[PDB]
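Number of protein chains: 2
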Amino acid sequence: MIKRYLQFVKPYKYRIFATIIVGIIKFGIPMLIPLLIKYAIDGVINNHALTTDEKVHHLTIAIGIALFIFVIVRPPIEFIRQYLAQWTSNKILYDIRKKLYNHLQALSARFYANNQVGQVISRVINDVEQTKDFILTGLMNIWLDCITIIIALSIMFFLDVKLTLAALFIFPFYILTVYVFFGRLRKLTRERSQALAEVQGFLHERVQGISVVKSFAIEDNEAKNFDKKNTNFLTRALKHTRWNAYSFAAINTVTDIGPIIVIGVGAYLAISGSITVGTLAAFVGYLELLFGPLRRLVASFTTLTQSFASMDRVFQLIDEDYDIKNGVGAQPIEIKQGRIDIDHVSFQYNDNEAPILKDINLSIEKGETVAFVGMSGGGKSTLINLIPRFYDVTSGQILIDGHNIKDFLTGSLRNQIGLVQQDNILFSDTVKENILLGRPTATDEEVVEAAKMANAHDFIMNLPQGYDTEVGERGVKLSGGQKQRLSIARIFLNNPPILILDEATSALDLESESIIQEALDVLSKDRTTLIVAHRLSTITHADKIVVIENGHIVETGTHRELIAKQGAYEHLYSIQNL
Amino acid sequence: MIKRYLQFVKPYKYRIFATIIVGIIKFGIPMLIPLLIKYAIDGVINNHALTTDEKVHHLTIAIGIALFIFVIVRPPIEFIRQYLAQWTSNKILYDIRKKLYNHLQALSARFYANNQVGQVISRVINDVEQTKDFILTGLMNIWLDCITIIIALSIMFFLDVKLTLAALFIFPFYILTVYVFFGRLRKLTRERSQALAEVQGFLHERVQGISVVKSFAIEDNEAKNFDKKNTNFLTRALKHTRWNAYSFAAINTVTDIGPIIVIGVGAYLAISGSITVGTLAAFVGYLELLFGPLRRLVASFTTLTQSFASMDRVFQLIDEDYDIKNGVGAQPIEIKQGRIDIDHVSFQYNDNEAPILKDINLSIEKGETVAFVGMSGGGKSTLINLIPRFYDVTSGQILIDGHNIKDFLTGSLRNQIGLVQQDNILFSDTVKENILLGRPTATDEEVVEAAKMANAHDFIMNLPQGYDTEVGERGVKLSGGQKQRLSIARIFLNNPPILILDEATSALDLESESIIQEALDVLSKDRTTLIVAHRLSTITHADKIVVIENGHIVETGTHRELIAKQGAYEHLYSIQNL
Ligand SMILES: Nc1ncnc2c1ncn2[C@@H]1O[C@H](COP(=O)(O)OP(=O)(O)NP(=O)(O)O)[C@@H](O)[C@H]1O
Ligand SMILES: Nc1ncnc2c1ncn2[C@@H]1O[C@H](COP(=O)(O)OP(=O)(O)NP(=O)(O)O)[C@@H](O)[C@H]1O
Ligand code: NA
Ligand code: NA
Ligand code: NA
Ligand code: NA
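Going line by line, the protein sequences match chains B and A. If you count the first sequence from 1, position 419 lands on 419 in PDB author numbering, and the numbers rise without skipping. If you count the second sequence from 1, position 534 lands on 534 in PDB author numbering, and the numbers rise without skipping.
Keep in mind that the hints were calculated from the coordinates and are not lab data. Heads up, none of these hints are tricks.
Pairs count within a copy or across copies, as identical chains cannot be separated in the list.
For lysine-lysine, the following DSS-like pairs were computed, each having C-alpha atoms within a straight-line distance of at most 27 Å:
id	residue 1	residue 2
1	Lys228	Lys10
2	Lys99	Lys3
3	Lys132	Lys239
4	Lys91	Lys132
5	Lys336	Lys544
6	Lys132	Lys3
7	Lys132	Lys187
8	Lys38	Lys162
9	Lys13	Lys239
10	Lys98	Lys224
11	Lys544	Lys358
12	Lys432	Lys452
13	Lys325	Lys224
14	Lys98	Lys10
15	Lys98	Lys325
Sequences are here, hints too, so could you generate the full structure?
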């Protein structure tokens, strides 16, 4: 997995090597201080053979050299060292989210139907952000502490063989201890982040649906439901904390026996006649070089563990399967004549549940306007959404111009089906911006046309700041008949070969309906049109009305014919002016 | 402002003092190492009064002791020190969000109409989380570095009053430099977080409205709109980084002239007779005690700056005004007879724009069923939402049972108005759980009743896992007529004195409508009922139909009467069969 994450760092290897290099060229600085203390003390006074005008000169080039270094050389090193480190990782994260976002937009209706936005976003943002330390503490700092440990161990290896061995005794345990905790922390961190992710999802879901929370003044009740999630997140976060604290003491206690099992031995050796009591003095002086980094790595360890947990979660999302895949046979196909064929189609949202659409057979020739009518929850919506291929039929096939939907390139297919869903969306943008969704690359002139078409242009002008009026988030600042008509506009703008209208009238008064009806009757003159509808009267003109019951097509025909049959269709119609 | 944030820490003062105490009792440990060293060397090896059996002996008591301390005393100190620190702040954050959530649920439709969920949540979560360092690095660590600076400084002053002035010379500049940057960083951090907040809002808004992004295969276009926001966030984050790096080098360069200017003067003073080498050398071993903490504080500084920026943003949200306030006169009032009076009401969403409802006068007696009909965007929705007081009328008054709506306690008022909005909400929960929103404290039996009432009970049983079926996020796994009927259920469950139904039929077929119509005609027998509707026929039975045009009430009357007048009402009705 590290290899994966590394794939992100790849185009930044050099900036990172550089960051490490400049990193090493830093220890050289702290050592210049104690080096300078020795120069004035033993090179101007303890020389005893210098003038009181000569030594008061060398102290003006030594107090001249130091200043130069520290006031000119160090500053740039310090700066670059940091700026680099950051500039690097920060750009890396950028890259990761650029990818995640494309990933999301490529998941299927299903995914988003069984997932919580808040939770998803937690990952894309927080978990990713968390992998930052892996780049910094992991690939840019840990090394310097190991280099320091090599140097130290090395120097010690010369001063004395067995004495350094007195040290290394600790090492194995240290490593064992790390290994013991690592895993459990990784999980605790995982479980923690997940908790956070759940409060996010909660907030998201509620903050957006407050309308309801307000209407029934259930603030107190929901405020509880929140505390549950907010608490769960504490709890988990504490478990995590407890262990980090725990493991920290552990690893260190081990790292601390280090200098002891050394000093103790270093004496029982200098006195037992094994080595110079000067060697013991020097050696023990380097103890800070060995068990210093080991102490830092304990913290570096911790941080990483958490980081791993995070990249886990990131990748886990990245590894989500796309339910609607293009497949090798991909083929941007132009739909020249709206010929739709539904052969033996059968649909199921899941393998466990029952099928919603069972055996559906229906043929729609170019230019026909087919209407779909039936009790609520019959299948209409489901059936329809199978065409733009939002879900893949379970058993059977749908063919546009003889081509099986699956053999189209997603975008191609979808781009040629103007679809007005029943639950229509608006972004917290301007009117224009919203219509432009139907065709982003459109003339401010063409938009105003679509508008006038969907019977929108007019009310758009009365809006403060007209076509540039910013509608509310979710498009709240408009009526029902308004939001809807903007969705309809999008259709004219798209001006596709196939038009599917799932109750595209829902919120319009009788009049406005009349207008859009006319408008549509025109645009729907020579295009393959599918209409789901409950208000029958706006379907009479249909070339063929399809009655759908309990996932089946029960009746088929012209309003005239269906009415004669005095069957299912008639029943429903008959309920209007009766 | 610090005082504010501190108010959160208050109930944790002791745990914090404790964390600081145990914090101090830590430096005592690192010093035990060099003491065991000096004690071994200058104490047992060179005592010149030790039997080879005594020095070894006294050596051992020094080790047996060391192990005890480090393997028994230190561990607990280490643990507690951390666990405390964390347990504290983590609980503090918890508290802060507990408050923020209540804050949100108390903001008005307006707030949420001009704000972006994602952005809000960024604050509640990220910005708050960011204030964590203020507790840790601020109130628990900074001190220890100052204590260390006092201790250090004291020793210098008794060692030479005029050389400590060679050291302290730096101090003022150090402080000046900090002051110079602080502010700019605080902003950069602010601006950065805001950027993050904007990508959040983007993600939220899109990830939830992908349905549309998919339908028009505008993935490429939106993926761009994302990169803009994702980039903006980089940029800003880099600006921030650059400065931190910058300021870091700065402050340190200053902190580095420190040990030098002590040597620059101190050495010159040894010469002229200030004092000798025995002092210049001793006043230099402690240099690490002074310019060590000063170096750490540079980092502590940085971290804080960021923290402040964060609490700024948190508070800024906390300081948001509630548009609908209760006011001293608050009074949980029981509405015994649904008497609604709309006297000269006039509404405007903003002071700049034009009024939507102008001069409306209408009286509704208990048990009357008033219908509201008119072109789309006329005012109906707006008018209606004024009653549950979702927005305060601009000029005029609405009175229920003679009591002015404003004199009710929000919850009281709203709890007594069963409101079925046109754009109905569902949470990613189970069917039951959703209906329970109408009355959380309800009998699994009463729910099933509401259900059967809204004509839902039936389809709920055919659902895999019946009343326990988990509907999709936003309630996606149900038809239109389905989601809606669940909203209607909520009403029966609430069983309020006043019922407002804003197109509560929108997505139902003719039949299902018939059923709920009957169901309602019953529940609406003796209650004050207000109905907004476009499908006229389901309004005929109204006691009084109100025609609303361009924010005005144009016609008033019984379907019978209105039809005779051959005016505005008739026109609209007349378009049904025509
Ligand atoms: N949050 C808002 N800010 C500004 N204007 C708003 C806001 N919310 C709604 N509006 C106004 O909504 C207005 C009229 O709404 P309105 O006529 O009450 O909806 P309606 O006719 O009942 N909806 P419908 O029954 O679907 O046709 C427009 O002229 C908008 O400016
Ligand atoms: N994500 C899902 N998982 C399982 N079932 C689903 C899901 N989404 C929708 N359904 C099914 O929705 C079904 C029938 O939907 P359907 O009849 O197409 O809506 P419809 O009749 O067109 N809506 P409407 O025009 O408002 O009456 C139910 O029996 C559900 O089980
Ligand atoms: Na047609
Ligand atoms: Na009534
Ligand atoms: Na409305
Ligand atoms: Na539907």
